[PDB]
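**Q** The residues making up each chain are set out below.
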Amino acid sequence: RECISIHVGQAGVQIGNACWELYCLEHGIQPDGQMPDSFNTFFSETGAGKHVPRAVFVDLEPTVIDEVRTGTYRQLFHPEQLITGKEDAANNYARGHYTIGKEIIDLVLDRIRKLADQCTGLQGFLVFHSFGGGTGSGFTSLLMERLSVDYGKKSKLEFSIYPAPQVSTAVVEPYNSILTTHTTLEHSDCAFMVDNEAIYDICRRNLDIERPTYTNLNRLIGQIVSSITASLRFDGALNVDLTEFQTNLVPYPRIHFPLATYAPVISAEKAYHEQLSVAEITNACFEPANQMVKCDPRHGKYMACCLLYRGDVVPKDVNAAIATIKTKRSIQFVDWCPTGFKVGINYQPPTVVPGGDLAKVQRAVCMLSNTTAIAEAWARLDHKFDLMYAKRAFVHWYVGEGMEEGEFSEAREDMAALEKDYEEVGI
Amino acid sequence: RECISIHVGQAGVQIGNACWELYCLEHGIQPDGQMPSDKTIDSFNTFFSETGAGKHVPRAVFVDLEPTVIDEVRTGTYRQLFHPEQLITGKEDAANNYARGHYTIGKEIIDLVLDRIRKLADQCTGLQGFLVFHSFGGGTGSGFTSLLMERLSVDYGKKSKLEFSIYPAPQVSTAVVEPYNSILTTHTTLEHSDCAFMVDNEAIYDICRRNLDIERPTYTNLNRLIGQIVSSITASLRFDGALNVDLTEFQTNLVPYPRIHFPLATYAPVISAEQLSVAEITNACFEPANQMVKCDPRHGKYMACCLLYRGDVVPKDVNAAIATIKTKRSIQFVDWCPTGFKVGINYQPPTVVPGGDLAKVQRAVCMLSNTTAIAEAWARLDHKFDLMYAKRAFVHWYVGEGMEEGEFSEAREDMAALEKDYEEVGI
Amino acid sequence: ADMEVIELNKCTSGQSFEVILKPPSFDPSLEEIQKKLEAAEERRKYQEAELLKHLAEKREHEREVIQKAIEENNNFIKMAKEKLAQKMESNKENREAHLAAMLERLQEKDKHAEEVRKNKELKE
Amino acid sequence: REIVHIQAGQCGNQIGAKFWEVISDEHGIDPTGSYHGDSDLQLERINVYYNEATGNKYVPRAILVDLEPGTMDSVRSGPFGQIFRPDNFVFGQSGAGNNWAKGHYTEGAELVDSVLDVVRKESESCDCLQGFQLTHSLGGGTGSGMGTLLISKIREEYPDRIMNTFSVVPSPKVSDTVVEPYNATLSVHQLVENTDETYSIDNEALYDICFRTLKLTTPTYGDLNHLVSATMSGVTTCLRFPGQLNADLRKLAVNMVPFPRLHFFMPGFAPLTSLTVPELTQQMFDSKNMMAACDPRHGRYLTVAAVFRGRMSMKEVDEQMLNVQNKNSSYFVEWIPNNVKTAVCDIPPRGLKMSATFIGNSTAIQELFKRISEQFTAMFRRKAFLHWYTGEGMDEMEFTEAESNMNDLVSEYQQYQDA
Amino acid sequence: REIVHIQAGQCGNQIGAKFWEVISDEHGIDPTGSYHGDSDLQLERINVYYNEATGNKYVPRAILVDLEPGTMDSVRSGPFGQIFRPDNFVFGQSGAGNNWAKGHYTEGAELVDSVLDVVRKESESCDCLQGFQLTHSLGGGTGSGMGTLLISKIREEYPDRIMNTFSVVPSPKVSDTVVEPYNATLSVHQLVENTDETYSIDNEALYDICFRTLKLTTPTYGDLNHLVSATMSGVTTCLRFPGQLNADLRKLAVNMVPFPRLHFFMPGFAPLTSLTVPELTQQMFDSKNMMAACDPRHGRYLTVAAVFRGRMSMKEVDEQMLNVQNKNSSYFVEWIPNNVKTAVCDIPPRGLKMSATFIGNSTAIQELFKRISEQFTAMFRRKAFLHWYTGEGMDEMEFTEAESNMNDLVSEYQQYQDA
Ligand SMILES: CC[C@]1(O)C[C@@H]2CN(CCc3c([nH]c4ccccc34)[C@@](C(=O)OC)(c3cc4c(cc3OC)N(C)[C@H]3[C@@](O)(C(=O)OC)[C@H](OC(C)=O)[C@]5(CC)C=CCN6CC[C@]43[C@@H]65)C2)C1
Ligand SMILES: Nc1nc2c(ncn2[C@@H]2O[C@H](COP(=O)(O)OP(=O)(O)OP(=O)(O)O)[C@@H](O)[C@H]2O)c(=O)[nH]1
Ligand SMILES: Nc1nc2c(ncn2[C@@H]2O[C@H](COP(=O)(O)OP(=O)(O)OP(=O)(O)O)[C@@H](O)[C@H]2O)c(=O)[nH]1
Ligand SMILES: COc1cc2c(c(OC)c1OC)-c1ccc(OC)c(=O)cc1[C@@H](NC(=O)CS)CC2
Ligand SMILES: Nc1nc2c(ncn2[C@@H]2O[C@H](COP(=O)(O)OP(=O)(O)O)[C@@H](O)[C@H]2O)c(=O)[nH]1
Ligand SMILES: Nc1nc2c(ncn2[C@@H]2O[C@H](COP(=O)(O)OP(=O)(O)O)[C@@H](O)[C@H]2O)c(=O)[nH]1
Ligand SMILES: [Mg+2]
Ligand SMILES: [Mg+2]
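Residue numbers (this note's numbering), protein chains in the order written: chain E, 1 to 427; chain L, 1001 to 1427; chain D, 2001 to 2124; chain A, 3001 to 3419; chain R, 4001 to 4419.
Calculated from the structure, these hints are not laboratory results.
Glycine included, each C-beta is placed from N, C-alpha and C at the ideal position.
Please note that a few of the clues may not be correct.
Unchecked claim - Taking beta-carbon pairs under 10 Å as the criterion, some of the chain A residues facing chain D (in silico):
{"#": "1", "residue": "3110"}
{"#": "2", "residue": "3114"}
{"#": "3", "residue": "3393"}
What the hints assert, rightly or not - In silico negatives: residues of chain R with every beta carbon more than 10 Å from chain D:
{"#": "4", "residue": "4040"}
{"#": "5", "residue": "4216"}
{"#": "6", "residue": "4392"}
Unchecked claim - Listed below are the simulated DSS-like cross-link pairs for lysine-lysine, each with C-alpha atoms no more than 30 Å apart in a straight line:
{"#": "7", "chain 1": "D", "residue 1": "2118", "chain 2": "R", "residue 2": "4383"}
{"#": "8", "chain 1": "L", "residue 1": "1420", "chain 2": "L", "residue 2": "1391"}
{"#": "9", "chain 1": "L", "residue 1": "1158", "chain 2": "D", "residue 2": "2068"}
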């Protein structure tokens, strides 16, 4: 029925900021708030004019959350759904989860309940956060534990920003990610990983931006997100509810991390070119070059595929284009699973930001696939980690906030297990 | 900050007299008192106390146990230079024996002095130390000095004492009993004094024969040459300086050890009136023929060197002057003082007495070196002593003032120790 | 592949549907643990109140060097003041009663002028 | 989020007064007056170095400490002298020293409080104190001694906040003064315990940068200080400027220092004296260009951080950078993944159209420490000028006890050339 | 600083009255009147011999003592007779003696007081009394006997100040008497106890010095006194003159006398009768020229002091001087280092363009003493003229007791030809 957004931590917020903007452009809410159920999914029709998101934003420095209450959309949120922490996270799980987190954690948890209080039959939570990064791993994890307690059934859906060398990481990133994803895994239901590498890579191949910004990246992530939610703020069969999510993408409780693929990212100025074919957009989907976690699934196996088409599209085509995707490619569905394909068409044409870099399109695909190769990312983190922790590398700054040396061990120990589970799903 | 002069005893005074004269010629104070040099309503302040609204009065006190010499001051011009009080005189003479000045005849005046020096350090916000000029051998010069200094040590806890001894030599007439006097004071006085510039009278007289070509060199002849060495040692903190350096650093450099160490004095260009190279003047310093205590340090080892240049010099020059005063000369730097060769330049030209014997020069070096061979002087005294005391020689005149037979022993006993300490600094 | 597709749901703003391509063939978050967050909280106040009551170690060792000096000084002052003055009542006592060890050895070849001139007023 | 600046001791004060008038003129600040510069950015993070007072005006959060008049009134009467808040000058009056103990015990502890009472009045004033940064000499006393003490007395009063220093490790060239090894070794010890990062400005390098590579015959403290002043503006840049990163300085620390033993960064610069990008990096990673007297060759990089300056494409920088850690691939430890990161701010320094600066946690810094403990044990050998401290109230064994800590530091660095 | 002059007994008085009129005319003094001499120096230290009175006028600090009129009115009516202060003449009246005891006990002590009451007057008048010097004969009575007593009664009243005497040690050739050895030995004893230095003018030398070397057939007390008067000017010079040294006379003592047993100097002179520098020293250090009858050859010099007179270069003197202690190197004890010192005053004596005088603590002076105890023990042998003292109130054994003290003195000197 209702669907709260929690965006913790710089990345999470900035992502959140530029996909609420896209939700607004899609549903036609001029910033102030007013539009000239249906899309009640995400908005709480507050007062007798405005539309206010069902959002809460937490970060442990102001700064970023500050830019929201400064730039237009400044009238979009309630002043209280924006929480800010004064003292920074300092780029380590240890801080956010225990030291500096403790402090603010009871405020947030309160406010999200204020928001789910005006909700007859709330569904779940969308949680947007950074994989590596201070509060992003730390706080998120903590939030999520306590969420699990305060809200028993209610699904949690995480959208992690898995980090990559160039779009600048931090030495200590590896730790943070392994750390959270341990604690956070048993508490979260489905998790859309987003490889920053992938996105940046798409902005270079496709958009032709030599030096892609966050604000550049975010825009492209903004769309993937809109397209995954879409189905439930419009209501257009498939993923019309949160259960129905992991119901279709993960068959294995182990929070599985579906692969994100977006359809036609084409740079405006190439706008009035040709509208791409129902077939072809699909055909991009099954392309490494267009993925969303730097990997490849012509090496792994598929365990559930989901195609999310948006626009003017008739099933007849989708079918008869899949046909030839099967006839002309690397099928590779694993051992004990149909050969998936739950296909949803959402007749709503895919709106893009106006000064944005991509162009208005006709029709876009989305592709949500649970592959065992998504664990090639799982491993690449782990190595970096293994080889630092071999020497206690930075360990101390965390023992310093007050963690256990063995919470590092007992978390790697989990990744090793999950890295093995995934691989153990092979034929 | 401020720096009191005490000149005790004929030699001390007469030396003092002809270097307050030199100070005055350097800073431009016409005997009258006043200096056309713009105000004083600091720097030139280290040594002078701007008394009344005209005059400049030294921070000096002169004690001696006969009038006679002190009398010469309040008679010859500069008669207007000092305050009447700062000149103390004793009526009954010293009689040329430590015993007298330290006990019998000193007792009497000692309290007077001690008072008046305090009157002088009373108008001094943050007085630094004392310069004490005295004779090694010689009645009050050994005796009174010694007493003064003990008591100074009590009345002024920290405040360093800087002695300028005039170590005595056979020709510029000594006295039979000299040896005793010197061994005696230097004992008592040693644990109370901080650094001591020995001046061998022999050396000076020697320099006045080689260089000045004076067949029969006076005290007034000698003093003039010592006047300069003193000026150049104080200099540093007398004029401001900027592009260089105070004692206190030169002090930390010279004396690595408790034992008051007695730096060698060497002057640069003594050339008789009626311009030498930056390199050459230096080369003079490392010469037996130009030293301040007859001896040689191509036989001892060095434990710290200090070069004090004054006048038309540039470092680019001193650099090569030194470097070469090593490439092919009397090297020898000892087991553990990696440094040695501190170096400053007190740009102010080396102003010499007008009817004096030396000429205005361009640039002068000064070389303050603590060598173990300076103890070759230590011994030459001791032998003279040993061989007299072997028979109680003159002992009695001292037992007669009221000394102990064993204060002669218990003081030799120290020289033997010091003579050993010095030699024990070898590799 | 030639499809066979079963349609689930036909919304207002959309259509979904399943399309199998080849039959598959085969066969407590629990609250209590926040005491594990005041398990940090009291491992981190240790960490600190250690290297705090450990910099309070070096603290009044300052009270010490700033003392072993001042105390070191009055041991020199108020030690070699009577290491002087008690070698100078030692001095007085030594001559002040030797200028009188000279006098009584005289007043004796003196009280001897009288006791042999009061013997010349007895002789021839 | 906000940092106070302690600047103590003759050398310390000199350096900091150049630091100040460089950055002040970067942000565009008058002797007193406020902004004058057709840029805008500047004021964004002006906050971080500049607690502001009456009317317009901009006053640096700065505490000037020293044990003797002169060198403060050297600043007061000179460059940006009118700038610093007048009762922010803590005079000594007394003897200074040129002797650690004086500054760390007798003559120092005499003041400390009165400084500490003003740091309190700036930090307690601050909206959210990030930490303190301090400048001083390591040889000689009133900087090295009072300093090491200020900080020892700052932690304890703020364990909370982090400690930053610029410490000028002194040399045999550029000053005689038989004792510094002692003072240095007595501090290095202090430093390793109570700071979180320290930049080692080796005077020895500084010299050589002016003479080995510069032709500057008569080297001032002046030109040579001009080198530090520049290196410092660079090191700090992205705390006080843009919106590239944000740089908690805690962030800078928790990213630069793998090992609690506060590892000292040797800094580096690009162009110098008183530029192509390839020609910039290959120069910023040259030994003959390091701010500390090493050759980061005998020893590897633990972590590196480089920050560039001027409107140049970072297309070319990512690429030059990854390219150094390739033609030099071995000398970046491989147990810490992306251990060299870069940042780009495009507002030029003094003259200078391009520029870069370099912060390096390098085990080769060991070569520096060894060489101070080298002339140390050569002296403390036969207990040299030690009686200068003995008498001021110190123990014989506090030297061995420091000599031995430092020796450890050397041998933990020497250890982290591992596998 | 200031000295009084006691001058007692026929011989003493004679000598002193020649002393006085030599120095008086050196400083330029009239019979009474003051200065007349185009020199200036003179008056610097005139202080030391000349307490001054009414108006101009200059009067010598002098006490004239004797036990019979004549020899005073010999001065009063003669040379500079108008000079001495009139109630400074202490007449005897009574028998004189030519017999120690008379002068040291019976007829002497009779007076002593009246002398002592005037020495008190001059000394208690003096600004800072340096000491007394006294002139007298050793043989015969009223000088030797009263003297030895004046001094024995002067010390005790001034232990403080030092004792100085010119004592004319007599002989068989040139005597008033048989008995002198007795008188001499009785004084020599007294001298060795209560003076600090004595100059031994041996009449025997003086005679040999006028017949072996001076063409004079039978020498008066005149040409002969003449020699002492010159030697005494010589000895004193640098108390009463320049600004060469200053010569506390205490200084002179504590430098000339190693051993408390007041060791007696034998004086010497340069040119004589009534000069090249080399030809001056070789003469001043010739035995045939000593003021005491020895041959400073049989015995060594303990300490020597030589003082030269006239405008001559001391370039040459230091050099001649060190040259005597080289061609005679063995006869200066080598256990007292620089035990021969020289001084130069450049204001000539009587006639005489050059000159020197010589003071010598020489163990050869033993030869003198031995030769007076020689004729003593030859007499006191079989108690000769002893009943001349016996009866005046003396004990038999006071002679042995003196003979034996003197004998010792001989054998301490004889000891200090040591190693
Ligand atoms: C930047 C501050 C500085 O200017 C650096 C040097 C020292 N002083 C400034 C003044 C100065 C220098 N030289 C002086 C000589 C006399 C008086 C003053 C100076 C200075 C220079 O030449 O500037 C033009 C300088 C000094 C030295 C100097 C270089 C130098 O300018 C190049 N040397 C590096 C050291 C030196 O001791 C050393 O470490 O040798 C390895 C060196 O020894 C030799 C042979 O080089 C030398 C050179 C003469 C020798 C003896 C004294 N020590 C002191 C330090 C050292 C010097 C410059 C402070
Ligand atoms: N895709 C994307 N990634 C971001 C964005 N901002 C930061 N990141 C990434 O997130 C990681 C850093 O996480 P942060 O959000 O900066 O850390 P945080 O604790 O959540 O925020 P802070 O408290 O400010 O440190 C790095 O991997 C970055 O590459 C963003 O806007 N978009
Ligand atoms: N250099 C130098 N030495 C002197 C001078 N005057 C005396 N001396 C030396 O100092 C020593 C003598 O010191 P004095 O001043 O005579 O002894 P004093 O007792 O302190 O002073 P007095 O009371 O006058 O005896 C001898 O070694 C002399 O050579 C002088 O003017 N210059
Ligand atoms: C009366 O004035 C005299 C006073 C003195 C000396 C002296 O003999 C030359 C005198 O003349 C007779 C004198 C004497 C002797 C020494 O011992 C050999 C000596 O070292 C030193 C001296 C005199 N001093 C000097 O020769 C040092 S310049 C000081 C005392
Ligand atoms: N570069 C820099 N270093 C200096 C400066 N002044 C002195 N130094 C160095 O630091 C050491 C001592 O500094 P100083 O400030 O005088 O010590 P302080 O007594 O603590 O103030 C010297 O040995 C020099 O090597 C300065 O002007 N700038
Ligand atoms: N040379 C010198 N000796 C004298 C003179 N008069 C006497 N004597 C000697 O001194 C001794 C006795 O002196 P005299 O005065 O008669 O004894 P007095 O009665 O004590 O004064 C004799 O041995 C004389 O040789 C004198 O004029 N000059
Ligand atoms: Mg963070
Ligand atoms: Mg004297």
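**Q** A separate judgement is required for each hint: does it hold in the structure or not?
**A** Hint check:
{"no.": "1", "hint": "3110", "verdict": "9 Å, holds"}
{"no.": "2", "hint": "3114", "verdict": "16 Å, violated"}
{"no.": "3", "hint": "3393", "verdict": "3 Å, holds"}
{"no.": "4", "hint": "4040", "verdict": "41 Å, holds"}
{"no.": "5", "hint": "4216", "verdict": "42 Å, holds"}
{"no.": "6", "hint": "4392", "verdict": "6 Å, violated"}
{"no.": "7", "hint": "D:2118 - R:4383", "verdict": "23 Å, holds"}
{"no.": "8", "hint": "L:1420 - L:1391", "verdict": "24 Å, holds"}
{"no.": "9", "hint": "L:1158 - D:2068", "verdict": "15 Å, holds"}
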